[PDB]
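S.K.: With chain D held as given, fit chain A with the ligands onto it using these hints.
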Amino acid sequence: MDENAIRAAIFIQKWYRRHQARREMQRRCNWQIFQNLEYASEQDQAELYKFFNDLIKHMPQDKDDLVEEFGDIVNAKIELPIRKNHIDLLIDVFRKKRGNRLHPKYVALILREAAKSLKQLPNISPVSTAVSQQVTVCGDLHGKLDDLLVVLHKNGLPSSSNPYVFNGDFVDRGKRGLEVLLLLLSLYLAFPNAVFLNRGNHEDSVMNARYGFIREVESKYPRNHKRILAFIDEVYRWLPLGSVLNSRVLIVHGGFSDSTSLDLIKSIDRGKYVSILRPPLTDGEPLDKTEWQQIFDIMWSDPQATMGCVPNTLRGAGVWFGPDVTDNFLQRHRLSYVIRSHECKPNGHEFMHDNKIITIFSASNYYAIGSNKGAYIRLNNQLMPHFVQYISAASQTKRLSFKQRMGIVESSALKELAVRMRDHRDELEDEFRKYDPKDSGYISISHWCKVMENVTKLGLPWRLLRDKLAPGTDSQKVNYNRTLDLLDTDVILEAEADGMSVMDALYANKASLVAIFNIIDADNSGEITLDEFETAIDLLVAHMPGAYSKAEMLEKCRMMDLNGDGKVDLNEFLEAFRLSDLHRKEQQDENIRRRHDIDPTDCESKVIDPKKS
Amino acid sequence: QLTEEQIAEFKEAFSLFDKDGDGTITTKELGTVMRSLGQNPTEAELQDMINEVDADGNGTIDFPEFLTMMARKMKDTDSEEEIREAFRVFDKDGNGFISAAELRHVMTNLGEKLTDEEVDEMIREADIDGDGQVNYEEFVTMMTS
Ligand SMILES: [Fe+3]
Ligand SMILES: [Zn+2]
Numbered sequence: 001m002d003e004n005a006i007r008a009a010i011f012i013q014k015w016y017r018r019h020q021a022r023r024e025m026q027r028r029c030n031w032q033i034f035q036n037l038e039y040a041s042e043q044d045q046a047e048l049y050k051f052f053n054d055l056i057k058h059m060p061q080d081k082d083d084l085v086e087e088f089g090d091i092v093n094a095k096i097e098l099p100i101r102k103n104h105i106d107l108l109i110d111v112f113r114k115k116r117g118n119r120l121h122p123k124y125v126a127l128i129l130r131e132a133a134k135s136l137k138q139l140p141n142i143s144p145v146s147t148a149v150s151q152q153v154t155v156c157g158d159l160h161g162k163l164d165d166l167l168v169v170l171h172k173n174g175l176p177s178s179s180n181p182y183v184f185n186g187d188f189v190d191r192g193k194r195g196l197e198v199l200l201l202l203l204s205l206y207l208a209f210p211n212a213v214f215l216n217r218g219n220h221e222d223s224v225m226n227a228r229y230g231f232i233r234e235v236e237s238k239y240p241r242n243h244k245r246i247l248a249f250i251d252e253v254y255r256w257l258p259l260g261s262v263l264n265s266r267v268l269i270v271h272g273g274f275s276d277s278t279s280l281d282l283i284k285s286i287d288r289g290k291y292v293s294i295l296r297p298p299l300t301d302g303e304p305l306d307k308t309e310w311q312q313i314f315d316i317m318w319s320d321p322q323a324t325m326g327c328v329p330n331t332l333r334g335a336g337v338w339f340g341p342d343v344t345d346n347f348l349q350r351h352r353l354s355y356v357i358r359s360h361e362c363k364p365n366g367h368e369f370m371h372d373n374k375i376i377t378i379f380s381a382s383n384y385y386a387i388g389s390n391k392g393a394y395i396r397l398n399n400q401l402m403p404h405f406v407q408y409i410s411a412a413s414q415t416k417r418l419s420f421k422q423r424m425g426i427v428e429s430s431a432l433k434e435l436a437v438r439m440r441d442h443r444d445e446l447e448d449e450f451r452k453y454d455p456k457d458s459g460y461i462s463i464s465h466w467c468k469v470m471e472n473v474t475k476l477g478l479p480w481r482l483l484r485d486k487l488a489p490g491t492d493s494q495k496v497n498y499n500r501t502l503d504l505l506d507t508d509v510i511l512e513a514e515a516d517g518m519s520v521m522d523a524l525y526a527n528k529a530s531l532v533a534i535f536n537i538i539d540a541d542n543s544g545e546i547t548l549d550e551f552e553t554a555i556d557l558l559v560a561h562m563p564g565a566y567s568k569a570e571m572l573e574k575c576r577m578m579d580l581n582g583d584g585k586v587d588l589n590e591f592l593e594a595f596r597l598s599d600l601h602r603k604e605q606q607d608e609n610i611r612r613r644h645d646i647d648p649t650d651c652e653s654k655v656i657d658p659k660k661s
Numbered sequence: 004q005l006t007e008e009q010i011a012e013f014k015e016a017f018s019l020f021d022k023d024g025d026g027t028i029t030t031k032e033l034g035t036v037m038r039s040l041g042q043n044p045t046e047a048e049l050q051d052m053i054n055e056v057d058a059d060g061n062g063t064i065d066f067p068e069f070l071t072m073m074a075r076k077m078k079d080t081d082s083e084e085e086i087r088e089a090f091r092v093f094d095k096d097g098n099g100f101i102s103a104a105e106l107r108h109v110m111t112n113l114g115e116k117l118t119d120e121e122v123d124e125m126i127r128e129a130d131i132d133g134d135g136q137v138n139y140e141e142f143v144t145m146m147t148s
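From first to last, the protein sequence lines stand for chains D and A.
According to the authors' numbering, the stretch in the first sequence is residues 1 to 61, 80 to 613, 644 to 661, in order.
According to the authors' numbering, the stretch in the second sequence is residues 4 to 148, in order.
In case anyone wonders, no lab produced these hints; they're calculated from the structure.
Where hints are given, some of them may not hold.
Said to hold, decoys possible - Simulated crosslink set (BS3-like; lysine-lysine; CA at most 25 Å straight-line):
#, chain 1, residue 1, chain 2, residue 2
1, D, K81, D, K50
2, D, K495, D, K456
3, D, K363, A, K116
4, D, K363, A, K22
5, D, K660, A, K31
6, D, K374, A, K22
7, D, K134, D, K284
8, D, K475, A, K22
9, D, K486, A, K116
10, D, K475, A, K14
11, A, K22, D, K660
12, D, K568, D, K585
13, D, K495, A, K22
14, D, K114, D, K172
15, D, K660, A, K116
16, D, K659, A, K14
17, D, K468, A, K31
18, D, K134, D, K307
19, A, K31, D, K659
Looking at chain D on its own, in the form it has when it is part of the complex:
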């Protein structure tokens, strides 16, 4: 040993620590990009609630139908009395990556029985751990069937000595959403005294049409998707809004607010709210704004570090609640702490507001392969939360180097960001042209960052992305030609083609159009007048950019109003919306073109002490 060896060791150690810090910063930047991209779409989707809410203010106050299914069909048998052996068979059928399609009769039976059974449950389900001496809470699953199977394998099947509480968001984000819902309903039916379900913000017919669930159902069952969707929508109606644990701990999906009172939620007619983002279907009784706001606050709220209660403009819906309102709510309802599952976390769990708000998230690889680790909570008789972690698909993850493991996530984040940025190409180019008064082709770094922030409004750290969105740029000037070429790549267009967008209401929810055109009814005879029609389109275009421009819709009525204004003329009246959507799609398209098997053993796990985390 000598001093030269010490010098070499400390030099190498410094270099390695510097590179580790650089990788950590890259990870944080990618996480920020993912979170901002998700929030930007949820916010835009949430403005339909505001549109409905202010349109309300302005206007005056056992049948057999299933048919044989084309393609390969699994001959699995499911009987009406669900037992334990059916669960194993169901898991075995759904385990395979191919040949996992059940007969529509059994799906209809399961959905109908689950809908019938869920009606008797109260709004808030009381859970007692005195007998079981143990209770388990899981977070969002979002179609991650392998994660649910891993949880079941590691913790055992639910039973009277091992209950479960699934905290919403069962579906509509992954590629295998239907299987998770069917398995959860089957487990609830087989064990009615040990499985509790909570409604989530994604348990909505409006949200499903925008995040690919309806597309998956239509693709899997082309000949029967309508009735399956109707049964699923019926099931969403009766899911409990929350759960109370040991009469001391409250479990809700989104959170709460300053005006939220459990003495009011327990008396809400849960059956009215088939959907959350659009008004409930009442029987002529004019609706109450408070109860709808109560449910929306429960489902969509988010926590914040700062004090006070302000409206959650980041996600476009719900309210931010700080430690003060949390403490006031806990003191008012005599509770200990509130468990939450809305927000994904890098480790799958976090603490907020002095260990009084516990966030959980049970979906591994939520954004891309390696984004985050799932988690679930084990509570003992004293309610001390033991946290567990797991990552699925470890075998495919271990076949890459660390650099490649970072590169896949980086490429996914960049692809998603460029796909989202593709929409504003024309305005972005115009803004870049304006900031170059001498058409030299190069603009300053500050101007580039300002233009990007003004156009995209995502709030990302653009200066760190300068060398990736616009590679090969100096420290003072950036050419916009390379940036514009990035969004103009063919593969980006192909990827953006599959991505659904806002509007498309008729394909998404015809019930939304029915709700609008029943709300604008000044009289109950079902007849409307064009001035009200003009006001409705004015308010619609006031919120949704480039909706109809008040021209196509008005011209369509002028083509149809042979006998003047009157009744909503059924399907042929909606042909106006049909042709408007077709014309808009063709107009934008012309302008664009004119230029392995599931394996629970394939995972890694870790158990964390409640205070070590």
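M.R.: Then chain A with the ligands, alone, in the frame of chain D:
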């Protein structure tokens, strides 16, 4: 003192670690933020730097003192060429295929020892082959690029 681009780049890189958004971060992450901007001080340098900047043991540092600290530290820098000789002096016979056992042994005990996680990751990435020996040249070339 700092360049016109630096005074904004540092602020943008500062917000990625602030939990409350108030411009103040915990002192335990100083060795990460300062390292991420091209600097390579040891934990002894970190202790010396925190002693001169913290007096009441609050554990909070805001933007101006970080800017002054980085301006003071930036005056000295090293290139990537000096990394090669550090690995060269660790090869006792010039084979270039130093095995993992002594590589783990040296820097977990000599100099300023790292924790178990750092070496776990390091000789997990470096020791691709199962022979237990690591080629330093390819390691440095692939990590530096
Ligand atoms: Fe979710
Ligand atoms: Zn959610």
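S.K.: What are the numbers of the hints the structure violates, in ascending order?
M.R.: Numbers 1, 3, 9, 13, 16, 17 and 18 - these are the hints that the structure violates, sorted from lowest upward.
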